[PDB]
Amino acid sequence: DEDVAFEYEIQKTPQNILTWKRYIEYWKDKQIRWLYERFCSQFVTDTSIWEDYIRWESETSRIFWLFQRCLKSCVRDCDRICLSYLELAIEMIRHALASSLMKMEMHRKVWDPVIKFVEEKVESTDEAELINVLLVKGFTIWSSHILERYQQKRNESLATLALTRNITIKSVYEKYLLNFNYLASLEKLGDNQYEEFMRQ
Amino acid sequence: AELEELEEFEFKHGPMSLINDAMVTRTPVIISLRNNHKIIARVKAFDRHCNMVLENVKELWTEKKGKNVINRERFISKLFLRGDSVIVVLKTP
Amino acid sequence: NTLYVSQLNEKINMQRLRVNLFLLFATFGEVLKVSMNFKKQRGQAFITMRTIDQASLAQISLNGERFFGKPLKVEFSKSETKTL
Amino acid sequence: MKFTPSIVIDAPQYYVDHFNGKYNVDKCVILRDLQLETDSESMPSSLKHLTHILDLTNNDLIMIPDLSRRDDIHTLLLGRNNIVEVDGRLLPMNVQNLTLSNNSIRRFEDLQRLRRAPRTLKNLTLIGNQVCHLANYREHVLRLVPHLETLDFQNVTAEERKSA
Amino acid sequence: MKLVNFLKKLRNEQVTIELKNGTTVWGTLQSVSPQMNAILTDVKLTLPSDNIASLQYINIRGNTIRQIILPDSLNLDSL
Amino acid sequence: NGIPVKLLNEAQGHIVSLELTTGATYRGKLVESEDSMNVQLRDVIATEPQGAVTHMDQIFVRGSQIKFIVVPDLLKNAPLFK
Amino acid sequence: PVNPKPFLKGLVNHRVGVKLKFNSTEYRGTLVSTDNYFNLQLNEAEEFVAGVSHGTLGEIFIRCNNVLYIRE
Amino acid sequence: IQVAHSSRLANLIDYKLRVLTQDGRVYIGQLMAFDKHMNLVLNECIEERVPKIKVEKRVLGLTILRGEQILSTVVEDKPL
Amino acid sequence: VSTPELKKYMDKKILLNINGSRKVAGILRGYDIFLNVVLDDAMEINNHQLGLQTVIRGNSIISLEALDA
RNA sequence: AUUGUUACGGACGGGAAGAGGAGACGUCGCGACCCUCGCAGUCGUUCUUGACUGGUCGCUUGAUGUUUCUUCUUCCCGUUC
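Protein chains in written order, with the authors' numbering: chain T, 21 to 48, 54 to 83, 89 to 121, 127 to 140, 143 to 159, 174 to 191, 209 to 218, 224 to 238, 240 to 251, 270 to 282, 284 to 293; chain m, 16 to 108; chain Y, 28 to 111; chain W, 1 to 50, 54 to 167; chain l, 1 to 48, 76 to 106; chain n, 4 to 85; chain q, 12 to 83; chain k, 4 to 55, 75 to 102; chain r, 2 to 46, 53 to 76.
Since the hints were derived computationally from the structure, they do not count as laboratory data. Where a beta carbon is used, it is the ideal one built from N, C-alpha and C, also for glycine. Treat the hints with care, as some may be off.
Selected chain k positions facing chain W (in silico; Cβ < 8 angstroms) [to be verified]:
id, residue
1, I4
2, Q5
3, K19
4, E98
5, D99
6, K100
7, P101
8, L102
Here are some chain l residues pointing at chain k (derived, C-beta under 7 angstroms) [to be verified]:
id, residue
9, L29
10, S31
11, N86
12, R88
Calculated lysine-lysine pairs in the DSS-like style (CA-CA distance at most 30 angstroms, straight line) [as the list claims (entries may be wrong)]:
id, chain 1, residue 1, chain 2, residue 2
13, l, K2, T, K48
14, k, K100, W, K2
15, m, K79, m, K53
16, m, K106, q, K32
17, n, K32, Y, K66
18, m, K106, q, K20
19, n, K85, k, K39
Construct all of the structure, not just a fragment, from the sequences and the given hints.
Written as structure tokens, this is what we have:
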């Protein structure tokens, strides 16, 4: 067969991702998948390679697996990856975001975007988002964390909103802070006690 | 704008009017060509220079050497026939 | 780099001769010169090579080699070529 | 090393041989001193890119291997090789200008693949081997390979043909 | 206004075209121009029934292409 | 503007061969060049595909029906490109 | 005095005769309308292939580039 | 035959291209220049005839090709 | 737009060779940008005369040898 | 300290022989009794610069595009069933 030859080529000497290309790009499909993945496992732990693998894989489960693989060994293009994770989450959103963060902790815009999903939440896509939120909550919750990580005032507000969907926001405000503390107290209360807290 | 815009209604008044009508209300038409050809199809789109798009394209031509007539046929659909080759088109009842 | 040939068969045609030369000189190294510049024939041909070593080798080996009846007199060029 | 696809890919196909055609390929890092001990395998990697002038000289090629269409390797240079026998049905019409100098063609019967040349090989030269030293070798060549115009730089004349 | 516009919008799709010589040649459209200067990536040829004598790449001029086929079965032009 | 046209203009006073739709291959001097590819020649030979070759004093050729126009090897890189 | 386009205009809603170079066939029908590029549209069209008719077509359209002439 | 995924006429300048004409005579040559009508200046023209079986050869021109009668150019092999 | 240089060929007899194997001949009187050559003679090919002056269309004038250099 | 896109046994082929494909026009090749004599050709004019560029004869059955007219038998060599 033609596979044996390919294998031999791969073995004899490394040609700077040439053998891999020969294996995968000529076939691609199953065979190609088998090849490229194997190659990845063997030697190269590059970002581009990972991306390629992911593309090849591209169902939801498969995508997730690909993402996981990418996450395993990825130093240079971490921020970029994080975006991908976030996207995946949106389509396990909160979870995805968390994963992205873990991969590459620069990332203010991304954080803001993530928050805005929370705001929106407060059809399939929507469902996915909801699921992600739920996951985050379970983990905790996630949105709040993201906000904290992340303009600051805006983030705080977002967190508060998420909590309401408010208490969390109040807490954050208090932490930041006397007025803030009072606000937090009020949120917590949310009658006389609440009023008192607000006053404080 | 107006120099090109006034040319839009020039199809429906002049010799393209019939073809426009055909396009509007899809009906079969007999299309001839240069090197011994007869095509039959129904109209769908239209432009300035007779570059038409059709449906249910039945082709009838000859590839017979030595003066023997052979009518070969094959179904084509959703073409893009350029205006330089189109000679005669006509709306049949 | 260049090697000035001499004492060869003038009766053979130009293009053909050039081709023959190319065929001959491919064993030593990469022949840079595609066609002859003089256009006089009768031995006078400058075989331009990429490497000097290759040229040297050619000079060594093909000195008085049978090419179209007569023995070719190999020798190093006086001036450097326009391409080199 | 062995003639693989990767090697072929690597090869410098930039500087075209300006005598005829285009793309004078030199397989591996350099076909001149590549040291291809086995037969020319993985010929499909080139895929009939380009006279072509696939200069595979200064190698250790045991047998001449081809795999392409009628216009793919006219000016093939296999100089200073160990060519024992070069029988094949792939390169029928293409290979006219065959530079097979300093080969290991021993017997006249070894050239029987090239012989019966009316259909077997449309053109072929061959020279500078052990078979050239044999008695009545040129004549034999003339008899068998009529398509051989230039026999070791000197042409196959009418008189010669008559003699053979 | 024009139906070259339609052609322009199509990208990465196989289409047969019968030339003045008379060959059915399926290929990808690539960067289509306002002058109909097509470019095909993979193609099947018949040099003067269709005999197989195919080459890979080719650059087409717009004056030759009289008919085009199989972009995709859908009609949309105005935007 | 057209680079080929420019090239043609540059090559004024050079031996330029020609070929038409019918295939009549000429070879002589170039007199003048324009935006439309209108060529005029001097001391122009004529070797047609039919057989009856001739030697003509002058000729003018219409641009639309020319198949190709020959140029020598001198004006290749300089001084037209950059 | 009498120019071409005005003549053409005049000849509307009247019999017209037209011929082609490639596949010489005389088309006979009554003219409908024309444009700046001299394309044609006929009614009651009879496709006379060198005298003998192929079939009565009816309402037809003709491109300019092929047309040889316009007659009665 | 090796040729990379080129986009437009500008990216494929200075390459050995085949060219086909209306009558059916095959050409070869390196593409030097560009124009509105694709009047592609060939570096060296080896024209080929096929009678109305087998292809012939010529070697007269190093031509400026005109764009009226060209059918479709084809890439042969890259230089250098 | 650009005028063809036919002022050189004024008042000189020209042996034309138009499309479709027809050798017409006549002296040049007037010219233009479209190449509609207004010439004042017409003798067809052996030889016989058919009308004096003849204005010709630009598309159907391929080759034109000047008799007087 | 610019680039891109959009809008305005039977068959087939080749070679040879016998019996009832040929002539023109050019365009590139195998031989040479010829020419010509060398490392990057000829001449005008002035102490260094401007112009112009493999030829001829056989083929003793070399290749090839227009353009007019009108196959059978035998042997040898390859492919296929």
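Consistency of the hints with the structure:
1. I4: 5 angstroms, holds
2. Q5: Given a least distance of 5 angstroms, the restraint on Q5/k holds.
3. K19: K19/k check passes; min Cβ-Cβ to chain W is 5 angstroms, inside 8 angstroms.
4. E98: 6 angstroms, holds
5. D99: 4 angstroms, holds
6. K100: With Cβ-Cβ at 7 angstroms, under 8 angstroms, it holds.
7. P101: Constraint on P101/k satisfied, holds at 5 angstroms.
8. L102: Interface hint status for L102/k: holds (3 angstroms vs cutoff 8 angstroms).
9. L29: 12 angstroms, violated
10. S31: 6 angstroms, holds
11. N86: Status holds, d = 5 angstroms.
12. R88: 6 angstroms, holds
13. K2/l / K48/T: Given pair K2/l, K48/T is violated - Cα atoms ~38 angstroms apart, limit 30 angstroms.
14. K100/k / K2/W: 26 angstroms, holds
15. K79/m / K53/m: The hint holds at about 15 angstroms.
16. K106/m / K32/q: 24 angstroms, holds
17. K32/n / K66/Y: 23 angstroms, holds
18. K106/m / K20/q: 23 angstroms, holds
19. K85/n / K39/k: 19 angstroms, holds
Figure legend: structure checked against the earlier numbered hints; hints not met, in rising order: 9, 13.
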